[PDB]
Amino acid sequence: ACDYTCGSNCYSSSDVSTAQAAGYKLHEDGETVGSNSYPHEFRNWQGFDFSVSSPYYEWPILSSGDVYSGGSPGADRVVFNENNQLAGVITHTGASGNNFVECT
C-alpha cells in the first residue's frame, strides 16, 4: 500500500494523477488559486534529482483526497512539468525551515 508517503500521509498513484490533472489544467489556462498562487514555478533550489525536464510547477495534494481549490495547502506537493509529466512528490513535513524532503 501507499505509492507515496509524505510524513504519515499515504497517497496512491491515483491520488497523485488526480492532483496533477487539476494542477496542470490551471497551468495551461493560465489560472491560479490560493494565497500563494498555485500552481507556481518550482525553482528546485535543493537540486532534487528529477528525471523529467524543467520547467517545474508546485501544486498541493491534500490528504483528505480533495483537489486543491484555494484553501490551506498543507505540507504535501506534486511537482510536474509543462509536458504534463510527474517530476516527483515532496513535502514540508520533516524538513527544517522552508525546505522540502522527498516523499518515500
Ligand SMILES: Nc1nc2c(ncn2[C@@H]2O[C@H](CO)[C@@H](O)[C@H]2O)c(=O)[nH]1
Second form
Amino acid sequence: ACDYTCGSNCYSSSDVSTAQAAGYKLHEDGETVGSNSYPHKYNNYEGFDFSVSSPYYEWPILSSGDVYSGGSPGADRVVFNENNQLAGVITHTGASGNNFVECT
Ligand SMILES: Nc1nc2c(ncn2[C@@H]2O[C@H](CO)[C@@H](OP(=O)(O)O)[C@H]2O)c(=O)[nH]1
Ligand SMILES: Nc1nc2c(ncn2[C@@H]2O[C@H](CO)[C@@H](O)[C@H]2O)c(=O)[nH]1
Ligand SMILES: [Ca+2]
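Now the other one: the form solved in complex with the named molecule, given that the block above is the form solved without the named molecule.
What follows is the entire complex, opening with the chain shown before.
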C-alpha cells in the first residue's frame, strides 16, 4: 500500500524521508538546484492543515525514486520546515493550474 498517493504516484515513508533529507541538506547549505531553485519557501497559499510550524520549504519528490537533481520536478513535493519536520506531501496533480492538493 502507498503511505502517500499523489495522483497515480505511490510513495512509501522511505521515499519521503529520502527526498526530505536531500532537500533539507541543501536548505541548510543555502544551495539550490533546478531552474525553479529548489528547495524554496512554500507559502501555504492553499491553507493546508499542517501540524508543524512554518516556515515551510518545498522539494520535489520523484516517482522514479531518484532524488531531484535539476530538470523537471514533476508534480509532487515534500514540504518540510526549518526543523526538518515533515509538514506533508502535496501535488499539483488533480489541482487546477499551479495550485496544489494534498497527497492522500
Ligand atoms: N500553489 C502554490 N505555489 C507556491 C506557494 N509557495 C510557493 N509557490 C511556488 O509558486 C510556483 C507557482 O505556483 C510553484 O512552482 P512549481 O511549478 O515549480 O511548484 C511554487 O513553487 C504556495 O503556497 N502554493
Ligand atoms: N507532471 C505535472 N506537472 C505539473 C502539473 N501542474 C503543474 N506542473 C508543473 O509543470 C512542470 C513539469 O512537471 C513543473 O514546473 C511542474 O511543477 C501537473 O499537474 N503534473
Ligand atoms: Ca518507492
